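Novice: Given chain E, put chains U, R, C, D, X, B and V in place with the hints provided.
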Amino acid sequence: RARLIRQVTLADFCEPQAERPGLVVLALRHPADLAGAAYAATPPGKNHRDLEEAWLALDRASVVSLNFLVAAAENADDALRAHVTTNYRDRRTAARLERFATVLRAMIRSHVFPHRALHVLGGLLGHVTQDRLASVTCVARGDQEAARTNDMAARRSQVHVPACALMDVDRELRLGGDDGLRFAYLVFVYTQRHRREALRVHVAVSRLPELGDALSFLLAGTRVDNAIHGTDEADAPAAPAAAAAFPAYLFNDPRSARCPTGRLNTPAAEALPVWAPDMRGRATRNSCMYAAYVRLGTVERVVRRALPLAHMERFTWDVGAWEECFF
Amino acid sequence: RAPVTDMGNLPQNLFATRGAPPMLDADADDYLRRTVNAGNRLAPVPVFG
Amino acid sequence: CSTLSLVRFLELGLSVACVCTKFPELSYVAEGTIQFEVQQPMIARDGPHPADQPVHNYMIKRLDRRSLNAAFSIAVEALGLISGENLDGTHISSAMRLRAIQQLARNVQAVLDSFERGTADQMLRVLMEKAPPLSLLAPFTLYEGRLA
Amino acid sequence: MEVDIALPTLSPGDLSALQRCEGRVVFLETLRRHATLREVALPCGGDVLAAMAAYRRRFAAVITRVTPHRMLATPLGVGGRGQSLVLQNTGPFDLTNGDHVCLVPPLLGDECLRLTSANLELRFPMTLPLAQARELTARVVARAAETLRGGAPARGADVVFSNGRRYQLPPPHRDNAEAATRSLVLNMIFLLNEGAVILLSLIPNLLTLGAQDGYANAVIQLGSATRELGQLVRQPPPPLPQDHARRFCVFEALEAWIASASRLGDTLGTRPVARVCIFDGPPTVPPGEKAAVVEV
Amino acid sequence: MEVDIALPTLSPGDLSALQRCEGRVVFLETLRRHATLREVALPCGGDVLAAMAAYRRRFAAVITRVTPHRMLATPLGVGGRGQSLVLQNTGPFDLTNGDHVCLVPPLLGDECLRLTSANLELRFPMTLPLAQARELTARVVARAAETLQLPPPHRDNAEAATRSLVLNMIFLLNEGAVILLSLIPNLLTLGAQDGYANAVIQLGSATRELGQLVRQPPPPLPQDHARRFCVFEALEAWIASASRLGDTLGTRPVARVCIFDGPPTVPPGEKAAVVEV
Amino acid sequence: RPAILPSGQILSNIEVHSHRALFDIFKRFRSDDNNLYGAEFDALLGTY
Amino acid sequence: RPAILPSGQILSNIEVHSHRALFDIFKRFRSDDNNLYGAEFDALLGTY
Amino acid sequence: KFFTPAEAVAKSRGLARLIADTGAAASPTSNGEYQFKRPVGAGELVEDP
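Chains as they are written, first to last, in the authors' numbering: chain E, 24 to 82, 94 to 340, 348 to 368; chain U, 1085 to 1133; chain R, 51 to 198; chain C, 1 to 296; chain D, 1 to 148, 168 to 296; chain X, 3 to 50; chain B, 3 to 50; chain V, 1233 to 1281.
Calculated directly from the structure, the hints in this document are not laboratory data.
Treat the hints with care, since some could be wrong.
Using 25 Å as the maximum straight-line C-alpha spacing, the simulated DSS-like pairs for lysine-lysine come out as follows [to be verified]: (1) V:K1269 x V:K1233; (2) V:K1233 x V:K1243; (3) R:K180 x V:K1233; (4) R:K111 x V:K1269; (5) V:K1233 x R:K111; (6) B:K29 x C:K290; (7) R:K180 x R:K111; (8) R:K111 x R:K72.
Okay, chain E solo, but in the shape it has when bound:
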């Protein structure tokens, strides 16, 4: 059998009566520490309190359904926007979606990436709701349909993913392979251009155990235009001094100036060559971050069928750790 999680929370982001069971839910970090870590994490030149403001503009609430998050990104098919807007019961919902979009766009600008703010839980199956207070329940290991929903029309369930975001890889990369058991990865796509940036979401399945080079080639344009426009707003100095050239000719020189060990002080250390490695404004790793992914589980089949959707087949929940994709 499978193991479950129950987390009482607010009905703002995931609204378990509006959707039917079988869709992945995410856990949202407490925003206080995000706002704090920004103060030290936003790069030079940029704003260092804009995430504070972006959060304050959206006023515990802990979960967020992927069905909701995918809408508040660049990539989305407007049918799903219309569904989320007109099918969610809740007041003021479209405004909240707009504010959440602004929040995530601030998150990437402040170099505190949302993948460090959204751990992933399993697919919800049950809920009891008071007035604007819910208690969702999702699987955590094992296969989905080992559960037992209190619908009584369909005791078991499946896993539903918005087909607008599901990006297949193998048939995409043309591996010539034959569909057997394939993994499932939820991937994020960052893009960094100051005041003009966005986030793209996808759900990727393939046989590839190690994404790496696969995404590095899949998202080539993103990495390209992100490495060059990413260092912007950082004052780089003038042309680098010739002293910056780290001297290599001097390693296996038999005759060269040398220093007795333990005497880097005032005594005759002057004749040593000077070398000033000075790196101020070049592309750091967080500057070239473009994607992040995390393993979800294993899958048999994907069929498309209805608002467009994508029913999984024998999903086995096995959540992994996050991963960076910068090189």
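Specialist: Relative to chain E, chains U, R, C, D, X, B and V alone:
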């Protein structure tokens, strides 16, 4: 039964709110906040959010 | 050691408030409804006022669903004694088995009784949610048929 | 696969203290159905690097119920279907629902049972969520490093948040933080510097490219296909005859660096050992209080 | 799940040799329930670097039974972490209890159950403990970096290894990393008053050769040295990288050895229980 | 909620997936889908 | 440690957590804790 | 609740509805040491003519 609430006095303090444009001179606003919070109850606690 | 006073709902005086029926298929039922039809009387008033015809109306009502839940645990090394996987073919372990069985029995009698006070509380909870205050009802039923 | 530990009877009073640690983890040696308490013991004042390296050659196991006769443990590595189990959180800050825990030695000020009747000590490693641990290690190391160069000894920003409350990161001199962590900061800073030096020696003109148009272009070309700007690594000068007292073969140094870096990266944990799946309880477990967990 | 490998008709000269391969691992490509033997097969030995790069792109499988018609298998890790199975060791160093094992392509070749009737050959990878597999990968990748019991590289894929290595190294250089780079002499002087401090530094250290040859000036204060602090960020980045540098060149440790009764150390050529990770 | 008892048998034996044009809705499950079992219903409970 | 055969029943129930002051030791566990089922004794085997 | 007509915007199906609304309203105030806006989750019953 006996009133579950007190019936005494507790003046509200609006400096625990938002939505008001602060005055131009920052010294004036800091002086107003430092004089209104002169032992007045409940208004500030300097912890964010 | 203390005993536990049981309470039977229908033994109380409150039971006359609600008619209760067992319905072992309620989990299957979606939105269920009950109907109403009523025929008001009329008097043939003499005069220029248009003599009103006998009025008819048709009214229904929608069910509301609630639940009740209580939970009780059991000890891990008590499980090995109830089942026997941790039982030894000795003379002590029988005493521990008797003690664990007694504990589980007392506990389950406690919880299985809680559903009586549960309903006796739910009845007051719902009966208090509809009843308007008498101050605002005694004169209202005195101005009937005139609120036009 | 549940092991029991013989317990050399100590005393009253102390046995209560041993009963209080009914949730922590202990590192066995081999999977045998018997073991003596003298075996699972470490001098609670010890080197953090060596302890973190030894945590790999052992098996984790949590202390279930204890009795004056013996105490029962349950290993975490091997297992059937990954059954549930209870765990006493003992880190400095709480851990939420639905995340991964990691086992690190008591990096900050230490707590250790002192069983004065049996004359042995115990160390119970901290239980940290993944990212917070990977960042706390860097925090303590960076503070020690800033201290090393005798610069500004304080910046008022050695603090870590977790679910609102601000944590203080106790002062780094309490038990032996100036001695039981020196090994770690040395072994990390040194390797970092060595990697940087090797890279710069293989590509001498890296830091003399365009401040914004050359370095970025080189990195993007390197990440992309095989252009590589020719042998971007210029041919290093030819070495000495390996008896001259100043021989330096760069490639063997790169080899040693790869090996040492891999080894250091593996002896740091950061591979989850469990995952909190609490259910029917307060969704946020504070320090010192037990929390339902399923092994990974 | 139990992968089923079907067999063609075999001569008794090699069926009995295949029977002896009851605890070795093979590499499928897709996880269908059925698969023919011809599919799961690798060419004769060549380019240990390329092969080691190929093990990453496929998930392993260990075999258990060999019948005159049918040969079972078990997909190593796709959803399980405690499926205790047995696999025999074929690496030179004897692996002891406690430590993990990693799959490494074979050296010198010569390990090929060359089947003539079926006209194919298999190369089962050897199994080494982690501590030595890391070192072997280090040696091979360094040798590949040299070309701008030992087979020579091929200059077509060695560049890919060099690329991965140089990327993982380049992204260590940070405006905080220079601050650390500034105290090399302050580190050497510390590696003199004590013994352990000197012990942690190697002999051909490739840094002591620098701290005694070049002086560097005080570092330039970075932009906004009041709001943020850089050394912490550089160190966190380096931890994140080094935690995943070993696998990106070799292969993650696939299983750890646990034995309940037998003698601790198991010699080469002898089966030993295991649990996967 | 499929049919309970059929009225008349069928005689033609033909691949049906290739002929989905003639039909209005057409659903093919693989083998013993766990969905065709649960039965929910609506109800009216007494009339006054 | 717990009792085996109760002697006298209690006629009147009351909230116990209110009147902690009347009692000298006080232990209130949620439901079926782990200590109750420990039968671990110790005694001298022989004397001489 | 004296200057906000958004509640009065809600039409009255009949005087009986407004009657029934009294005596069953939800409490807007908290139950702490002060009178704070209450977290809308828990709620409770309160009458106010």
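Novice: Now tell me, hint by hint, if it's right for this structure.
Specialist: Consistency of the hints with the structure:
no.	hint	result
1	V:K1269 x V:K1233	holds (13 Å)
2	V:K1233 x V:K1243	holds (16 Å)
3	R:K180 x V:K1233	holds (23 Å)
4	R:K111 x V:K1269	violated (35 Å)
5	V:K1233 x R:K111	violated (32 Å)
6	B:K29 x C:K290	holds (19 Å)
7	R:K180 x R:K111	holds (15 Å)
8	R:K111 x R:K72	holds (20 Å)
Figure legend: structure checked against the earlier numbered hints; hints not met, in rising order: 4 and 5.
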